[PDB]
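*Asks:* Residues per chain are reported as follows:
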Amino acid sequence: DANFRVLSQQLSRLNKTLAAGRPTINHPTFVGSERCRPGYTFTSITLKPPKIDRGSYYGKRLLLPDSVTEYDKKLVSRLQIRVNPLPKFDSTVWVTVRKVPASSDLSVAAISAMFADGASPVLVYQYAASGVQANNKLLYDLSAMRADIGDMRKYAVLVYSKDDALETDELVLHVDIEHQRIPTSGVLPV
Amino acid sequence: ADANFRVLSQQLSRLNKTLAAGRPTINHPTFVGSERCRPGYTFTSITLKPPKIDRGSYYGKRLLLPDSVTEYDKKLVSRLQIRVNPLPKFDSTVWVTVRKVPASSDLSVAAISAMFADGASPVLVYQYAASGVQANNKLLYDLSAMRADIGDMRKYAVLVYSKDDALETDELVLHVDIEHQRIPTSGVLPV
Amino acid sequence: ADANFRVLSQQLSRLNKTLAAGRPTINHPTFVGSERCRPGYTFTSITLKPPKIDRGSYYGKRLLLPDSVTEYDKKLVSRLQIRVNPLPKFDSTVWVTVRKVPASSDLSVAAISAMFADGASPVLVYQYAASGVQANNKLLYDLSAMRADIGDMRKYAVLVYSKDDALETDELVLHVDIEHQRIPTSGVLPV
Amino acid sequence: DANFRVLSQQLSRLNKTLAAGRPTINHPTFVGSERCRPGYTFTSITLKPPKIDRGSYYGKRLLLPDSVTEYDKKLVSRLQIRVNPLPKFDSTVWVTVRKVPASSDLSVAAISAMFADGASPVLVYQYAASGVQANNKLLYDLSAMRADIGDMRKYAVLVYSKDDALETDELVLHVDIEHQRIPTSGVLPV
Amino acid sequence: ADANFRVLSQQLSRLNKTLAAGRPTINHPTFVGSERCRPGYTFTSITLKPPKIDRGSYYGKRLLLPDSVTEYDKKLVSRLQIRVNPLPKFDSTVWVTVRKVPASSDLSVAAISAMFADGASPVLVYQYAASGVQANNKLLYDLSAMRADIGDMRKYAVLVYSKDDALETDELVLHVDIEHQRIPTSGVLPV
Amino acid sequence: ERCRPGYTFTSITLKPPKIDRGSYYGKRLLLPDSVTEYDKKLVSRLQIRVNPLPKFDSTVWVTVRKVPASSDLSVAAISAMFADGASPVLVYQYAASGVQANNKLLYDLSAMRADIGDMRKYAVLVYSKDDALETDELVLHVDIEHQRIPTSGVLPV
Amino acid sequence: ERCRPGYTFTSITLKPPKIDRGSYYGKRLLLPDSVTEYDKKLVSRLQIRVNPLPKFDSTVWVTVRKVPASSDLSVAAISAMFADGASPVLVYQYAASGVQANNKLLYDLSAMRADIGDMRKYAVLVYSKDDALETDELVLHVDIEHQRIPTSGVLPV
Amino acid sequence: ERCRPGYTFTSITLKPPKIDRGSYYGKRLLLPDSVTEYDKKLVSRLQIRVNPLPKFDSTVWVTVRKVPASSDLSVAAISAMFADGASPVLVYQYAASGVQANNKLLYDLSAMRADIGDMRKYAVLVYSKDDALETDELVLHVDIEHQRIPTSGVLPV
Amino acid sequence: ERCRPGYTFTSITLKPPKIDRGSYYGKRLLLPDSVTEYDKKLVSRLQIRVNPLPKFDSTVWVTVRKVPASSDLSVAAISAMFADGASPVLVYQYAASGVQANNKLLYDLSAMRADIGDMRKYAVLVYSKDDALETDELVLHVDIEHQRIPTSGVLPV
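Order-wise, the sequence lines are chains G, V, C, R, L, D, W, B and Z. Take the position in the first sequence, starting the count at 1, then add 28; the result is the number in the entry's author numbering. Take the position in the second sequence, starting the count at 1, then add 27; the result is the number in the entry's author numbering. Take the position in the third sequence, starting the count at 1, then add 27; the result is the number in the entry's author numbering. Take the position in the fourth sequence, starting the count at 1, then add 28; the result is the number in the entry's author numbering. Take the position in the fifth sequence, starting the count at 1, then add 27; the result is the number in the entry's author numbering. Take the position in the sixth sequence, starting the count at 1, then add 61; the result is the number in the entry's author numbering. Take the position in the seventh sequence, starting the count at 1, then add 61; the result is the number in the entry's author numbering. Take the position in the eighth sequence, starting the count at 1, then add 61; the result is the number in the entry's author numbering. Take the position in the ninth sequence, starting the count at 1, then add 61; the result is the number in the entry's author numbering.
The hints are simulated quantities; they were obtained by calculation from the structure and are not laboratory data. Take the hints with a grain of salt, since some may be wrong.
Simulated crosslink set (EDC-like; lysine to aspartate or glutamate; CA at most 20 angstroms straight-line) [to be verified]: (1) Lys76/V x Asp176/V; (2) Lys88/L x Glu195/L; (3) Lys182/V x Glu98/W; (4) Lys182/L x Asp118/L; (5) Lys101/W x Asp179/V; (6) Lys101/W x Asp133/R; (7) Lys116/B x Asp118/D; (8) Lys76/R x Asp145/L.
So that you can see chain G by itself, here it is in the shape it has in the complex:
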């Protein structure tokens, strides 16, 4: 119905705001995420970091599955990082995702520099005496730069441990790469 569509679109933006950052009955522990860019879908990569020494950091390239990497020219819109903790977890970690050149562009300095430079999004997961931090994730949009499944090898996740020394098993990060849909063929194989 004409123009009311506006008041109602406005009305929604509002609802979503009030809604946002809140867990729901279907996900009573962690905050929710987002609808996908139409035409896009996402491929996830999970990864359990080894121990991360106190004050040190773990890094790791986004290495997608061959099933997908072959369709390398498909566009990546955004990559989301999710920190889910295991029950034994009790530390503080700082996290981001960023294009990281094998130019070998230093280590530790630029790791910690990447947290302050305001270049990429920062998450801060910390053990809550009170519970489990509902806010477990960051959604980084590289849409602007037409990136594709190809360049995902160029990016990496960084995880700086602050006071513990992230022991093996407390945390399992997941990298979900939203990109354009890859077809499902119709042909009996070779």
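Using the hints, position chains V, C, R, L, D, W, B and Z against chain G.
*Replies:* Just chains V, C, R, L, D, W, B and Z now, with coordinates in the frame of chain G:
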């Protein structure tokens, strides 16, 4: 009923809902509310009072409806809520979920803990608090779009891991309400 | 649907019914049929396997629905059928009925036998036969027009008198189906 | 012809009633059976029970032919049991069909319990001094519960002998399973 | 003839038939009736007086029409009735049927008795009674929809098993009427 | 290959017995009662198909023939039968999938309007050539296309 | 060959273990969770495909079968299985491109409406014949056509 | 392959005699009187077909040729005949069903309007190569497509 | 087979060097400058074709693969490559015209929109099996379908 308006209302309700948030009520003062049933669906519940759970060990249990339902197994199960109620003496913290667990085609130890990290099924974290019982004690696992039926529930399980103390015998009591299409009432006395 | 005709049909059905008589069916080969429920009514059944009944003594038992029903006691009970099924080894003959039996404001002996003569409540006479089990094994006691409710059933009782032999333990098994207005299903998952 | 269709449908119900339970010139010994649920057909399984001891019972799962069991998702509407006796027969048997869980749900008690519980249909075939019992069969409808060829493995026929001890050959039960039609293909094989 | 009515009549006849049941008549006082021929069909009969049948043994005989018919073998046989008439001295009980019996491609002993259990062909059970001769003495085996012809009858057989006594020589006499399309009469004297 | 409308195949499976080198074996085709019951139904084409069981190791010769003299047996008489080049034969020798393009062959009585009844007149014939066909070496199948047999509209009595 | 609309193949790859001469080996088909998650989805046709690795040097026999007695194992029990000529088999022996026209074969449950759930009921069976299948001799594939599994409309939580 | 309208094949069957290693044998085609009677009827294509009898064990060479010098016999003269690569030949050596894709070959006089009369001008030629074709080793057939011969409208006199 | 509109094949010819028994050899595909110049042009399907030179006498195995670790060489590393059953292979062993129906095989990047630029990422791999591929034994060809490269509208400067 007048569409241009008829939609404003629609939006307004949603605002209400979100605001209503997960707040208890004068009708249910301690725990938060729950959801209204998918039309034509109703639900049958299962209560399960688990044995001591050791410090940091688990507990599982297959969902198994009473015979009377399982008879009508071709019936669609739409969502399947778990709900943890504490008894006065509760004092530990637990992490709970439900998921399909393929009889031994699955590993039965810490793999379980991992079900909490894989983010494969909804996780609820009931923690005892100094100032009162947690009002957040429910988890709604929607199976709606995978077409499952009363038949399948046997396949699913609730898992309760104990975190910093050994959950004893009468600290907790869980329920498993299983939403499913309505079972017919029969309009003819027995023979 | 055309009234002048619309009534002929009505008559014809009745003829059918009466002819159908109390004849078993390929669907129920041994025992006779039963009746279709009063609209909006359904029924909850009670099974009762009575202890040895001595030669010429009785047996009684108050109707008592499971909690789940008795909760909705303001609900009208319309009729209340009894039905006796014999087990292979049955060999005695019994006389059974149901009626309101006012807790001790009633005599509890042969007064009972008299309930069979006063013609105050329906009497069923199940007799073991040489050539087969009796197909006549049901008795429909209509309480329809006295307005009774789930609440009252406590007040009623089934009475089984044994005639020429002592009814043993596993010769008979009776059921008490109690027709009553429909109990609501609730359209909101638990809390 | 409009509305007369009623008086005539009524008229039929009547005829069928008077008719029912009576053998005919085409089957002068046993009562007849029924028309099939449109779209359905039936597969039969015959079975000659071994001796059934006095006061004991024989049970047996409905095990259909592979030709059929492969089309396991087809719907079963009802199963009929038929007791045809051999000339040497002279006993009393009690019969039913019922979903029987390999939970191993007891034996003899629940066998005999199944006759009284009013759960499933009971037939009572007994030697007639006068002749052969015309009423040789029971028609059990499980339509209500959408059962299919698959679940037929779950059901079993029970046969309790009452005074003889059903000797081998006096009786041959037949289980005719009505289910949905299974297609007959049009293709020269492989 | 007026369709709405024209169908009521149709129903009424059926009622009559079913009621007429299998009752003898003043026209045939002892035995029950039989059926009217499929149009354009007539029937040729075969009489067969079987030799002593031992106690619990059988008797069979291929249907074989006289030459005069067998000549027109491409003629459809529609049904084929058997009918057992007892003679004063009858006193035993017999079980009889007819079915295709593939020359020795079939077993010729108790397999026969089994033809009574396989429920493959109609079974008739003629039993001598103290108060009179059984009025039920006919069995109509319809072959209508398998397209069979006078040619095939050779292939079929009547089987008579004796139950509690040895059927002697002149206790019984059976007939085999074989319904078949009408054979032409020829409108030209011989040469 | 889509069989004719209103027709469907009906398959006889034969597991031949042992057969010594250069010996022979026959067997009359005998369809199920469910089928033979409607003897007047039309038969159309009909083929054999050989399936090698693991351990197959021979050179079989197979056919289907109208063996007459109205039940004139099938002894090492079936020899002359083979010898006259009267009926077509499938010659099985390979088993590598697809090498000996054959485990199929034919006949098509369609136009001489034959029925399920005459089928019983034919018989399968096998001849070993060297190995002497062992047991459990292969499974034979003779598929018979024919009009569709009608379902009953009512349950059994 | 263009697979049905709304359907797509899903391929299980099996690298059999060593197999001694005339021995056997099985393995139940187990599709990915992404797939098995939607267990009620319809399965249609399904084929095997053999790819010889350099050094292939045997005569393999392969199949896919509904191995029942609800998890009745797959030991040298799979032998009788092969022996009954019950399921069709692909017999691999050549590897010269195109000689043994086969490294493909079938089944088509389309019309008995089977789903991803029952797939788990079947199992691959292999039998070596002489050489005794070494390791790294060939790679087996069992392709399973079935309705398309739906993508999520929202990112993970 | 559907033969032309108003045409139908007519088949001559030849069972060659014994033939020693590297020897030869011929035989003129001679259709039935019913056919040759209408000598002016048009002949179109024509093929040979070899059927191995059990015990076949040779490498036969076969053809059909216009053997002229108006009845110039068919002795080991038919040799040069073969030797000139003049007419096309079918070379039979296998018998496993479908391996040697051949037991068929050709000629198509359609357009040089030949009739049943000239058929008699051609002859079958066979050449053994090693084994020396035994007797009862194979059966030869030469099919001759040609216009349909007319039925009589009246009974015999 | 008519290649897509606006596309045309471009063929790389490789004459492999000597290759000892059970050894291996690779070579990256490198199209002509005329082609690689327009690096952004779409590549579609691509096949190998083997031509036996007189004197061919081996059993070659051939493929085309995306050999990565960005120029990770092609030594007897190409072995594991072959060993993983990752890319499809043409197996050449016959040379009688048409026996080993193969001297052709595939890949079809059409839908993953690949261009002349990525071609350079792939490499040919060969493996001998017995003989030890001599020199001048066969000639390899890898044909690459792709959009048509534009002609210049003006003469050189």
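*Asks:* Taking each numbered hint in turn, which are not upheld by the structure, reported in ascending numerical order?
*Replies:* 1, 4, 6
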